[PDB]
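Only one protein chain is missing from this complex, and each of the others stays in its spot.
A, B and C label the chains in the order they appear, each numbered from 1.
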Amino acid sequence: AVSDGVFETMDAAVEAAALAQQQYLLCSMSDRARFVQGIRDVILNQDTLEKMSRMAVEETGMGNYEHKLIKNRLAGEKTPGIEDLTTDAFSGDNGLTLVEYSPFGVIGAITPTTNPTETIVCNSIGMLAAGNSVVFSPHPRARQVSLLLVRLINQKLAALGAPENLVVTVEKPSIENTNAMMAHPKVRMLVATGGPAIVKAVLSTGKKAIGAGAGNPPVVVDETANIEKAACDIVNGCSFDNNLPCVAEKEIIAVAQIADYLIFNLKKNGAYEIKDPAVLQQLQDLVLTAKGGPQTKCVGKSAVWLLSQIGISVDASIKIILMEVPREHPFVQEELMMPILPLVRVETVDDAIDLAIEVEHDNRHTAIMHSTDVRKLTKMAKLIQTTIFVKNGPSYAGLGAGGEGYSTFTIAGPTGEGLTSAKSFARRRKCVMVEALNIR
Amino acid sequence: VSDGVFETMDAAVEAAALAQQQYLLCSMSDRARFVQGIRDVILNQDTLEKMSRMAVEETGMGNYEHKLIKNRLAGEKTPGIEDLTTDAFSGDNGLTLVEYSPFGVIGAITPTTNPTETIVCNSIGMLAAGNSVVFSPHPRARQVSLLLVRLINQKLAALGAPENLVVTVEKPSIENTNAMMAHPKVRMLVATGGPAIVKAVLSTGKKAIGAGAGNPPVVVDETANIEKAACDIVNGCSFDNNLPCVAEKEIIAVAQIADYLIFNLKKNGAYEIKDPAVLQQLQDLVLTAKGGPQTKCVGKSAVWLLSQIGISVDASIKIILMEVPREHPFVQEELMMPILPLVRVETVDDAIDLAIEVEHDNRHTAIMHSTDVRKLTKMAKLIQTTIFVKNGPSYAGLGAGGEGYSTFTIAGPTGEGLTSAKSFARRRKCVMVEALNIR
Amino acid sequence: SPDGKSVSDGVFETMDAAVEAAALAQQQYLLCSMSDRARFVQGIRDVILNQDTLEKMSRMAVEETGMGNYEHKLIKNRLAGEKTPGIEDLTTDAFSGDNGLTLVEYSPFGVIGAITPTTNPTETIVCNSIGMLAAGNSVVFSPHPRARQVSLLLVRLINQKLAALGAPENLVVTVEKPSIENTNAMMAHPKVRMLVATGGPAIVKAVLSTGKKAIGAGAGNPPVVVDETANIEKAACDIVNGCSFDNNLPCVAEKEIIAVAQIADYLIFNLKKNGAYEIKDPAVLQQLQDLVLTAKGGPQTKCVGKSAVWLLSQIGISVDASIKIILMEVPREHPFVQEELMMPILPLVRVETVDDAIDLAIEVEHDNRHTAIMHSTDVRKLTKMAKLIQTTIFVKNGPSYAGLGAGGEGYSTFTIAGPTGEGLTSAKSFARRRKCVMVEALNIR
Partner (left out) sequence: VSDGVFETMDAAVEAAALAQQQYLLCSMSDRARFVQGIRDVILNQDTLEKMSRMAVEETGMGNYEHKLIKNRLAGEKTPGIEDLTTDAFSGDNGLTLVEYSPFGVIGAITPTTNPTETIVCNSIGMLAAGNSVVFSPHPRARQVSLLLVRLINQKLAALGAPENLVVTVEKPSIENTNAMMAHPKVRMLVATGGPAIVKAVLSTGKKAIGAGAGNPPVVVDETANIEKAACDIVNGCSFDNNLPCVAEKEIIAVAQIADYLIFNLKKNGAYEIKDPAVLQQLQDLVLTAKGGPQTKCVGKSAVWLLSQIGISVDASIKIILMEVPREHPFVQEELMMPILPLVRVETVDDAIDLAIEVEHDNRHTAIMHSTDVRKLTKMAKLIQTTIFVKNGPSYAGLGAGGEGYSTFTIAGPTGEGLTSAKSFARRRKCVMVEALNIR
């Protein structure tokens, strides 16, 4: 009958979303608004919201239901629609000039295993608002949850009158189909949301490519910060979706003056402090791999789970695992994506800033600071040059939750569009009405 | 004090990298002083006219008095640091700021079409955004490009700028372009040229902006002002000898006004060719062995072209006109010459459809002349070009006779449009949670 | 071509107590978050967009005022509830450089006194309250006596919803007996920081002579110009739909046609084709003018907002419900041209050229600088009359209500300020601009 959006071949998946895009060029702005709203109701439906949130966890073995229940709702509510497509206007003696945001064509989107449903909802809303179709390439670990969402969207858009196959994917998401999608001529723009290997891959294809890379965000806490509030926002921001967010705090850098009071307020807020060098080393055997990287089995796991594996039984109060280590520690250097939070002590905030730049590894992604000194907040904000910089709040404030602005799950650091929206999936066009319609 | 011109490619890259790391420690007023310095170098009449002849002399393309306007339009209507605006959103959750920060060192590739205009354009926009620019000019514009880079480097040193903000190579060539592409220390690539260099910077694993080519059609219908349309068409097509990426390249005339349009094209300096044999002869000259325009004719005047087929002509003639079918290579192949075929159609509604077809999905430039709002709306929306000019010459889309700012790096494939300082900057967010909400 | 182309309830017995209660409401509103404002604005929206009260509020205004029709007011009440800007209208400007960061913000005014008309009684209460409360203000309403009960009723459902949402009491207040005296009482109260007048030229003249900041949304007399290049078929349909909209009550609705002579006759045919009753007999035209005009040359109160079928019945002409307006071709000095009848009566004046049309439309506008419409296809003539007539709203090739967001691009409003320069008023129009300079800090670029 109607297409379910899922095809057996990447080539005809691209050819199907290529025909959809052209048909989609006949649909009015109001059609886009109904389609965009149709995608919101699909995920914000309470039966679907709870279903995608827990099933993703069931299939990926990462994150938790309660938090992807919030993240999925953030992608549905705070993702911009067709209002994002603004129009610049310049009226003068030479008439008028309009600048619009117009469809690219067909977009290929490569989505991660840390925000499988969130990224698809966030991409599809923006890419369809800008008048594009999208060919998705999900991470094969999130294959089942992603295609089902792809299918749920196709059904809703069919009931609204949309052209078939505005959102599509493949039945067997693989590394080969992802490469196949990057090579297909009809694909006009690529959007990559993942690690450094995939971001550099879409940049080598001869096509327009949005690159959302990895992070390693430090959170500086100087003597000026509200230590009680700082330690609360840290635990919440680090335990959020079990540290899967690319913004989630992954190492603490505190000045010696307030460090012991920070650790005390951190434990008070649900941190389990590891002080014995043996159980710490015992923890490194659990969560690390060969080549000193993170184990995907431990990635996205809870603090209850990780301490269960080293013979420590704690209740549900424990949200993170705390330890004060040197800066060379692998938990500091690596993007653990786990509620494991090291803490490096430094003499002054200037040393905390100069170190936070180093452990950023030039990712230019996310950095957090707790401090009420404007001069010190703007010195770190200027020097580290990250795409998102949160101040006196949990890191998820930079995604629109607890912070001002809209929400996105594709954050462009390398290619540099920042928090991508519908403007990011559109071509910039200029229209010059010479010596007419200067009605000032 | 360095001159901004280095012996090898790795030397210029490593010096711009040290420059931008030092450029970061500057203020916005320093950026504004260096921006004005770049404007001063080209807008100086002594240098302006030197840059306009050397480009015509060395490359052998265009004329000097039109490059006089193109070089001026670049240093005059290019956005400066005022292009870097700030977005703010305040409420219960605090204050959000969105800024345009530096990328780092930018590698820039320029065409033989507009050597100096593109250097002036990229320098202002990239340096205003806090970047440094490593230019890799075409070998056929080498000596004028190196002269302009040194004049800028000289000027900026007298303003207190860190050295090597604008750098280039002593021996520009194809392989120096490829060494700038592979250099890990280049953060952004901007390419203003053919379709092969654009896909090459798009295949290097780097952030790349590609300003592609086109084939701009101009549609005329029974509703247009025919006298002003034929003046705007000849002026646009013959601007800098049809070198600009925006200049008209073929006409599509509604049959109802096609004859009266051909008369007013003549009255405004168009030389029509009616004998099919003399129209063979120019196909022999400008089109070469296997169907592509010949680089020796590209950028030459209409008088120079008519002389090569033995037609001595006064400087009144600005273009070579001919009524011709839609399959003739003069309509399909981007000539970049003051040769302007015309295709006659019955209707305006597939005058539009024919224009979309001959544009060849470049979605670059299209022009239309008329009085009906719905018809200008219909063609401007369906053809989906980056620039669409209504009731004026093509260069009106460059800030010359139209509203908006000026650019010589118009990104088609990569979607930035008329690139400016913002186009060469990283969008960064800054969230002050639960503070600075002063409403 | 001759063818064209193809807990308090909110209501107080005295005016002063309404202001004193609205001032106390301002004190407490300043302690409420933007989310509270958003929930209170969203509260008002549910008040009018709830289908039962939506039908309910529409029949009232027709029953109490005798003006307009029910189905079109069902459209105007929904248009105010949906397309009026909320707290998203309060945007922020930011400037960042070497000297730090400067923000400019829209901040509340305090207590606002709003004077509403009888032609749009509930639409203006919805629209004023949304933007005024979104900007962080409290509003005192002085309704027109003719639409007393429908206005009093809406303000009570508003005070009930907001209370149920935890809003400070008396955020939106009014008087128990609206009167011109209670209007002058509001104009003179020192606690009222701003005035907003939506009515005739006399009420706008008053608010600007009180010693307070005032937004004056005055009257209109919009002409509609059709030249030989217009889509005459579409022109006639838009003109009849726009003129008859809510029985010509809107300040935007068409009031007189200025048609180029070449297409004027074909235009009339397509006006009749779309439900215009053409009056040719000199005598029966006198009957309507004797019925519609008063001794002072102004419109008849008992006839304002009455249907075209109702007006034709009173002169002894029975017609079916397909007739929406009344059409007569008359000279330019005819009263129906010079007066804002606010009735489905449409005069047409024929002119030689489009140049003459643009000039007479300027002459007929009466310097209201409010609304003007022109159906035309040439960009140069559209540009000429738009730039020249200088109206607050200018509509091209559409119905007049496209300047309200109905079939046009933008937000809706029912307070359209011309002589005071605010344009189509929204939350920004009801707020003060504040500049916050952070010297040599927060420049993070």
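The rule is short, and it goes like this: a contact is a pair of C-beta atoms (placed from the backbone, for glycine too) under 8 Å apart; a residue touches a chain by one contact, two chains touch by 3 or more.
The hidden chain, counted over the whole complex, makes contact with A, B, C. Across the entire complex, the residue among A:21, A:102, A:366 or A:421 in touch with the chain not shown is A:102. If you put the hidden chain back, the residue from A:22, A:87 or A:289 that touches it is A:87. Of the listed residues C:3, C:176 or C:440, the one in contact with the hidden chain in the full complex is C:440. Although one chain is not displayed, its contacts with subunit C can still be listed: residues 95-97, 99-102, 104, 107, 109, 194, 205-206, 208-214, 216, 369, 382, 386, 390-399, 402-403, 407-410, 418-424, 431-441. If you put the missing chain back, the residues of subunit A touching it would be 28-30, 82, 85-93, 96, 98, 100-102, 131, 372-375, 377, 392, 429, 431, 433, 437-440. Of the residues in subunit B, those that touch the hidden partner chain are 373-374, 376-377, 380-381, 388, 432, 435-439.
Keep in mind that, in the parts below, only the chains that are shown with their structure count from here on.
In terms of C-beta pairs in contact, the better-connected of the chain pairs A-B and B-C is A-B. In whole angstrom, the spacing between the mean C-alpha positions of subunit A and subunit B is 36. Averaged Cα coordinates give subunit B a centre that lies 48 Å from the centre of subunit C. Each of residues 379-380, 382, 442, 444-445 in subunit C touches at least two other chains.
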